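Next up: a single chain in structure tokens, the form deposited in one PDB entry.
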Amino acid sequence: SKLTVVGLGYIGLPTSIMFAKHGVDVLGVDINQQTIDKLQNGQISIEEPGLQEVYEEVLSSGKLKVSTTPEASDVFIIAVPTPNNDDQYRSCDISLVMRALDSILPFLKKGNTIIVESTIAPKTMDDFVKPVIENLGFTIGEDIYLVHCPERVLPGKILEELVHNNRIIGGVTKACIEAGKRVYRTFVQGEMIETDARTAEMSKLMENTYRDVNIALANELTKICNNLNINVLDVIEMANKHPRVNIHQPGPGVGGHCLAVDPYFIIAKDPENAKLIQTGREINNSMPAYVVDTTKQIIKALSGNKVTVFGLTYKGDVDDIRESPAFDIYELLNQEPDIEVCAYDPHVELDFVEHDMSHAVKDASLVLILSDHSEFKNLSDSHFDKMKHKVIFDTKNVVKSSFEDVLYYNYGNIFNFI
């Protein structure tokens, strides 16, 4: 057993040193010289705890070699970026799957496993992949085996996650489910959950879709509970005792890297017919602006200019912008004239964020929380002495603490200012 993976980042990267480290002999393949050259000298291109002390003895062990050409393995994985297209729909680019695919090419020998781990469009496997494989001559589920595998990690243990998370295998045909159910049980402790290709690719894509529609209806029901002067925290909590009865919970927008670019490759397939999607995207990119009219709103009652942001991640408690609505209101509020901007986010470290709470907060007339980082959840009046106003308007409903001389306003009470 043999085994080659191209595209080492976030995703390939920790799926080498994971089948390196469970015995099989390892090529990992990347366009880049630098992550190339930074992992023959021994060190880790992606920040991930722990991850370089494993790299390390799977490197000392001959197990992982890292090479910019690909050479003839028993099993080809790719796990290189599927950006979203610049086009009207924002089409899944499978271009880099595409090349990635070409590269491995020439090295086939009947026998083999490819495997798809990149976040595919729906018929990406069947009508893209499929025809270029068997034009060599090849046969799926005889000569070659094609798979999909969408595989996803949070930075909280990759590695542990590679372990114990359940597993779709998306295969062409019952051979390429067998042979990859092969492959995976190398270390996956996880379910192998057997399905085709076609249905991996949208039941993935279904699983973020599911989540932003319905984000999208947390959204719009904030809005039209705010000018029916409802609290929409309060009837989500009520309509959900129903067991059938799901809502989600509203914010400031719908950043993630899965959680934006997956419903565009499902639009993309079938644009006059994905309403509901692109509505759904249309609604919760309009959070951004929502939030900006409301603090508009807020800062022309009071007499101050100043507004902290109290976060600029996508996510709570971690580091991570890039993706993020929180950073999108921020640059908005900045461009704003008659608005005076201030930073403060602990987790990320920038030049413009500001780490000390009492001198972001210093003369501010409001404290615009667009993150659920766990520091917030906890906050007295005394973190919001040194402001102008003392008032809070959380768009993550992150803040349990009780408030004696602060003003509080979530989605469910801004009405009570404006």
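Rigid core here is just the name for the largest C-alpha set that superposes within 1.5 Å across the two forms. Numbering follows the first chain given and starts at 1. First, how it differs from the form deposited in another entry.
Per-residue Cα shift between these two forms after core alignment stays below 2 Å for all of 123, 248, 90, 223 except 90.
For residue 71, a C-alpha deviation of 2 angstroms or more is recorded between these two forms after rigid-core alignment.
Core-superposed comparison between these two forms: the Cα of residue 18 travels less than 2 Å. Annotation: Cα of residue 262 displaced by at least 2 Å between these two forms, core superposition.
Please show me the structure of the same protein in the form deposited in another entry, now that we have looked at it in the form deposited in one PDB entry.
Below you will find a single chain and nothing else.
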């Protein structure tokens, strides 16, 4: 009957709004007072079209109340962030999840369900959540239910995505699985995949890992192809004609998300068993410097120091500068003497970011494309008129419009310039 959502960001706030929309009494919990003040003043703390309207209905119905403190509840959902650890492997930091678990503990009653929606390293539910709960007068699958249901939201379609997506319900016990289904049954029309907590954890991280290792492969191949005057993009397209070959696209590096590596067991106790993952991460981490070295060479062959960075985010059409290879390049270029850097991103609202394109491209020798923003797809020679040299090095292969005055380069043909 009552649900507490701990963490009111991109995951937690729409989720709280969703259960409250279906008649559940929801208490939204966040440690950020600025967030709580915004919410208590009737405004959503996140940027999502149409959500403000839904929030207004739900706030007025008295179904969604907010606080900096948890309170007694039937269901608790942890949707706090899992920052990236300062380590090679890029392990998920479970510290905010454990801090959030400790806020919930004094309010725990028999029959309660704890759902962890945040990204967690494999064996977190079993080896970290379970011992803490069992330390209190509790038995998992009997007194309380422990579910890991990984939450992943599609921006622009968050609420629809929350209803129609297939969902993984990872219970510690078979009883926990049933408790998880009970919770989501409220609005989830999508399929509910039943499994244990460790399988749910491992699976989501394996998705991230397949993607990282494959991007590392593409990036490593780009370096090889550039050395041999081979077009990497044409060869990936060629090789992918094999039904079981799916080579990924290269880029300026990898950001956001964390991998299938627990900080302890497979780093501190058996690291040679995560050798491929480590190598993949090393290759992806080296791409900002590879882009910078390529930039330095373009700027050497041309008159000028001005490089205009286009995009400071990892994903396109997102305002997230957090753990961004595009920002890493900008900062390296800024640090670098003999290079005058100017960032352009329509999605990024920072002070230092140039808001106008024409002003940003003004007297620049090179336009550096580091994000695949929709705006960058349809760019004509008209946009680059103010440049000292009309040259583009696109690390994302986003520009789909052909030019004449402007010299356009990919990872596929950058070797032609040098």
